[PDB]
Structure formats: C-alpha cells, structure tokens
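Trainee: Residues per chain are reported as follows:
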Amino acid sequence: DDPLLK
Amino acid sequence: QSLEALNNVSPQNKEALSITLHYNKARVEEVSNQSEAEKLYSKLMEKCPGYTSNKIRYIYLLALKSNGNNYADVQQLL
Numbered sequence: 135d136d137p138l139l140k
Numbered sequence: 503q504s505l506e507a508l509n510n511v512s513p514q515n516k517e518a519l520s521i522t523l524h525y526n527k528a529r530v531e532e533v534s535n536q537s538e539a540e541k542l543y544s545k546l547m548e549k550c551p552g553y554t555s556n557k558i559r560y561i562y563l564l565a566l567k568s569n570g571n572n573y574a575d576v577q578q579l580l
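For the record, the sequence lines run as chains G and V. Counting from 1, position 2 in the first sequence corresponds to residue 136 in UniProt numbering; the numbering is continuous, with no gaps. Counting from 1, position 18 in the second sequence corresponds to residue 520 in UniProt numbering; the numbering is continuous, with no gaps.
To be clear, the hints were calculated from the coordinates, so they are not data collected in a lab. Hints may be right or wrong, so weigh each one.
As the list claims (entries may be wrong) - With a Cα cut of at most 25 Å, we get these calculated SDA-like pairs of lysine to any residue:
#, chain 1, residue 1, chain 2, residue 2
1, G, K140, V, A507
2, G, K140, V, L519
3, G, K140, V, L505
4, V, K527, G, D136
5, V, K541, V, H524
6, G, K140, V, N569
7, V, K516, G, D135
8, G, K140, V, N535
9, V, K545, V, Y562
10, G, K140, V, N526
11, G, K140, V, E517
12, G, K140, V, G552
Said to hold, decoys possible - Computed beta-carbon distance windows for the label pairs:
#, chain 1, residue 1, chain 2, residue 2, range
13, G, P137, V, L508, 18 to 28 Å
14, G, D135, V, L579, 13 to 23 Å
15, V, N569, G, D135, 31 to 41 Å
16, V, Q536, G, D135, 25 to 35 Å
17, G, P137, V, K527, 19 to 29 Å
18, G, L138, V, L579, 29 to 39 Å
19, V, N510, G, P137, 20 to 30 Å
20, G, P137, V, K567, 29 to 39 Å
21, G, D135, V, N571, 25 to 35 Å
22, G, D135, V, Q514, 16 to 26 Å
Think of the CB as a built atom: it goes at the ideal place given N, C-alpha and C, for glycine as much as any other residue.
Can you build the whole structure from these sequences, using the hints too?
Mentor: Written out as structure tokens, the structure reads:
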C-alpha cells in the first residue's frame, strides 16, 4: 500500500 | 560516485534511490565483509520494513551465523 514501495 | 551524486537527487525519488543504493552497498559489503552488510541491512529494515530482499538476506546471513537456529524468523518471514 506504500507508494514508496510501488 | 553514485552515493556522492545522490545528494543531487530530487527529494521525491531521493528516499527510494537512497534505499536502493544502500541495498547495493550492503550487497557489496556482504561480498567483502558481512558485518557492515548486516549493519546496513538493519539500517534499511528500520528505514523500510516492507522490503523483502533486505530481510531475506539479513535472515540468511543470520542463519549462516546461527547454523539455522532462527527457524522462527524464517517462518515469520514466510
């Protein structure tokens, strides 16, 4: 759910 | 040189690129010296617990050091 991970 | 140029990175992608570069440096350390690799692994895990490769490598190094005495950690990661 993290945009950083995406 | 990449880490030096990281200071010029845009703030939006700065965190992601810093995490990637620290992971690469930790891999190079794991090739050279496992202690600094584990230190940077802990640093990145605190920085980003959601990453999997960092946790996988850290638990793998621990299992190498502990002769597979951290089965609970492997099960938790699974």
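Trainee: Hints first: check each against the structure and report whether it holds.
Mentor: Hint check results:
1. G:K140 with V:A507: 23 Å, holds
2. G:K140 with V:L519: Within the cut-off at roughly 13 Å; holds.
3. G:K140 with V:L505: Holds. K140 (chain G) to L505 (chain V) sits at ~22 Å (cutoff 25 Å).
4. V:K527 with G:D136: It holds: about 24 Å lies between the C-alpha atoms, which stays within 25 Å.
5. V:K541 with V:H524: OK: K541 (chain V) and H524 (chain V) at ~11 Å, within 25 Å.
6. G:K140 with V:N569: Roughly 34 Å separates the two Cα atoms, so the pair is violated.
7. V:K516 with G:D135: With Cα atoms ~19 Å apart, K516 (chain V) and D135 (chain G) stay inside 25 Å; holds.
8. G:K140 with V:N535: 30 Å, violated
9. V:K545 with V:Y562: Roughly 16 Å between the alpha carbons, so the hint for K545 (chain V) and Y562 (chain V) holds.
10. G:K140 with V:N526: Judged against 25 Å, a Cα distance of about 19 Å means the pair holds.
11. G:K140 with V:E517: 13 Å, holds
12. G:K140 with V:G552: 11 Å, holds
13. G:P137 with V:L508: 18 to 28 Å: Cβ of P137 (chain G) to Cβ of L508 (chain V): about 20 Å, so the range 18 to 28 Å holds.
14. G:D135 with V:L579: 13 to 23 Å: 19 Å, holds
15. V:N569 with G:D135: 31 to 41 Å: 36 Å, holds
16. V:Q536 with G:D135: 25 to 35 Å: 32 Å, holds
17. G:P137 with V:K527: 19 to 29 Å: The hinted range 19 to 29 Å holds for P137 (chain G) and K527 (chain V), with Cβ atoms some 24 Å apart.
18. G:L138 with V:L579: 29 to 39 Å: 20 Å, violated
19. V:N510 with G:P137: 20 to 30 Å: 22 Å, holds
20. G:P137 with V:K567: 29 to 39 Å: Cβ of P137 (chain G) to Cβ of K567 (chain V): about 35 Å, so the range 29 to 39 Å holds.
21. G:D135 with V:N571: 25 to 35 Å: 33 Å, holds
22. G:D135 with V:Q514: 16 to 26 Å: 18 Å, holds
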